[PDB]
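Chemist: Spelled out from the first residue to the last, the chains are:
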Amino acid sequence: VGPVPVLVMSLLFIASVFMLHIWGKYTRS
Amino acid sequence: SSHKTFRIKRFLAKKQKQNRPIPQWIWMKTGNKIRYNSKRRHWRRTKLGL
Amino acid sequence: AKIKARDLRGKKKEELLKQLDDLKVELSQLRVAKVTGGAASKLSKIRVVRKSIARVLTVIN
Amino acid sequence: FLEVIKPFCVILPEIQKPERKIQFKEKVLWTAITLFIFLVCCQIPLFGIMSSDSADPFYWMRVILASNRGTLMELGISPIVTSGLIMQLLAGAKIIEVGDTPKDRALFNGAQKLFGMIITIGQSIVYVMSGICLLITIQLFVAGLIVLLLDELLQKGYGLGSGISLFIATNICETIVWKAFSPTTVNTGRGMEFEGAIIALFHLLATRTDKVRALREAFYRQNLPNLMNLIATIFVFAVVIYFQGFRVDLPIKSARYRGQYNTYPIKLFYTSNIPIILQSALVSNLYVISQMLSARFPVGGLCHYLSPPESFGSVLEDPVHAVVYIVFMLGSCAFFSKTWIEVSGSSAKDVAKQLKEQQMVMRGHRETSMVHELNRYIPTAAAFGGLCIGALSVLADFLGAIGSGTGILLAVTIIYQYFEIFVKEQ
Amino acid sequence: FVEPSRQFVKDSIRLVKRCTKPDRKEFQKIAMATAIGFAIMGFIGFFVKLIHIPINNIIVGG
Amino acid sequence: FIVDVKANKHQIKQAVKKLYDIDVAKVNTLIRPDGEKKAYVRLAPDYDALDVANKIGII
Ligand SMILES: [Mg+2]
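Residue numbers (the entry's author numbering), protein chains in the order written: chain ZZ, 68 to 96; chain l, 2 to 51; chain h, 2 to 62; chain XX, 5 to 133, 145 to 312, 337 to 465; chain YY, 7 to 68; chain X, 98 to 156.
These aren't lab readings, by the way, just hints derived from the structure by calculation.
Just to be clear, a hint being listed does not mean it is correct.
Unchecked claim - Below 25 Å or equal to it, Euclidean Cα-Cα: the simulated DSS-like pairs (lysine-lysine) are:
(1) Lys268/XX <-> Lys30/l
(2) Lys134/X <-> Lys16/l
(3) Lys35/h <-> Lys23/YY
So here's chain ZZ without its partners, still in its complex pose:
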């Protein structure tokens, strides 16, 4: 990791999971 984006990349992936998890659950209840 010359760069720290790989970590940031992992964070982005969790957010994609994090947000996309409740994003479909928005229309449901």
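Using the hints provided, position chains l, h, XX, YY and X with the ligand relative to the given structure of chain ZZ.
Modeler: Just chains l, h, XX, YY and X with the ligand now, with coordinates in the frame of chain ZZ:
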């Protein structure tokens, strides 16, 4: 010589153990003035007596 | 323990000699630890054992 | 075997560490961010196939990683662990060939990544197996690649314990900690909302009268965690740190300096057997993976030489399973010591060339007799160092004081090495 | 075929005595300090407790 | 062993017999140029020197 007495051998034994340098913690003390062992005998230069 | 001389003086001849032998075996083992290469704690314990031996032999005398 | 697949398979590597070399505490920042991730990484999946048993290797498998039918962890770190172990096997065992140029060795790490991610994909497919099969595979690799990057950015990066072993350690802290405070209980015949916590065994005193039968449920609780279990769990921790301090001292005249004695030690842990216990664990995890292929073409007859016998009754209904399980545990850790030391350092030539390489010579004899000075300890302190861990984990199973057995012994062993790593930089 | 058993069993009882194996101060230090280090990794489960089941309620309910 | 310089082979044999409870075939002594006396204490062959060396600590 290879033929010794116990007295001469014990005499040489003392001079062989006096012949070491100073430990390097001894000059980290408070009032040091000693930089090196200045009583180092070399066997070619100074011939120890006898 | 901290072998003090005052609580050596009331004790008997036999318990002084047994404590002496205990300390002599203890000093032998610390010299073994000095020559094999041991902890720093044993190397500072050797002076405690030497002065406790001097104390016990003193009280005996 | 190495010269062909490794040059092509270079897809999406990791970035090597920068020129910000010496630091104290931003090291710990790169740790803690990964620990934020494994706050987060143990979280719920997105697919609604709600299968009944959580995982099939859930207990042993759970000991390695405990998100069984759970989160982006994923019923285990068993992908990374098993894939690391057999990789280091087939590097050390010369079924597959040594690369010491910085390249073939670089693509060797690349192929390491390759087989690791492919095995993650294999575990993902094999746990999820209806018609809802989409996008599970995409999730798993994304979350396989993440654990890959976090581990290899905690070897050449911060890395002190590993990425791996401290993940196992903290997740084991959590698996004790859910047993430490336990909010929910599905209500049995009596007594909702109290499952093996000390709060549970403090709320239990607030509800019920007849405090004798409040003591009895507190100390001999079977189906939920127990507080006698917690006493035994604490007790094991105390004994294992009693045995970590077992070390052999060897004083050393340094070369060319008068009498500094920085005595090289040899602790009995012999790397705390993070190979050798996981050697004992992951073979009995890979079949309980592949009993799923035994349903077609099993959890019964194959289990009698597969697992512990799970019973607090020491004279439970099969001594064959008990004897073979304990003998396999002891022999497996001992044998994997005596095979392990030859690869990850600290074998006889390893120690000798490190000490000559750092100018440290034993006083008793000549420099390359140091081998014969210390070749009479390391294999036995491998083998016994293997053996009386596994039998020790026998005592983690034979008596139920572990928030868990073998795995708890060894994740706290991770912690114990971990303390050394942190202390190192003081 | 029987004697390497004798060799290893005597070989163990060699290196048990050569080790230090002291009292409790070491034991004390790694004991308390590493249960503390455990619970550093530990309460994290109480925070996936506090979070990921109620947001799973958010997940399934919507 | 390293021995006091005032010792006989008889005294070294009695001391090794008493301190470590082991019988001795012979004792050979030399005095070092350091000044110490060194004793090579041969054991009666029903004893292993490696076992008594592991007993007293030296390995
Ligand atoms: Mg001349």
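Chemist: Now, for every hint given, state plainly whether the structure supports it.
Modeler: Results of checking the hints against the structure:
no., hint, in the structure
1, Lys268/XX <-> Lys30/l, "holds (23 Å)"
2, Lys134/X <-> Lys16/l, "holds (17 Å)"
3, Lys35/h <-> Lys23/YY, "holds (17 Å)"
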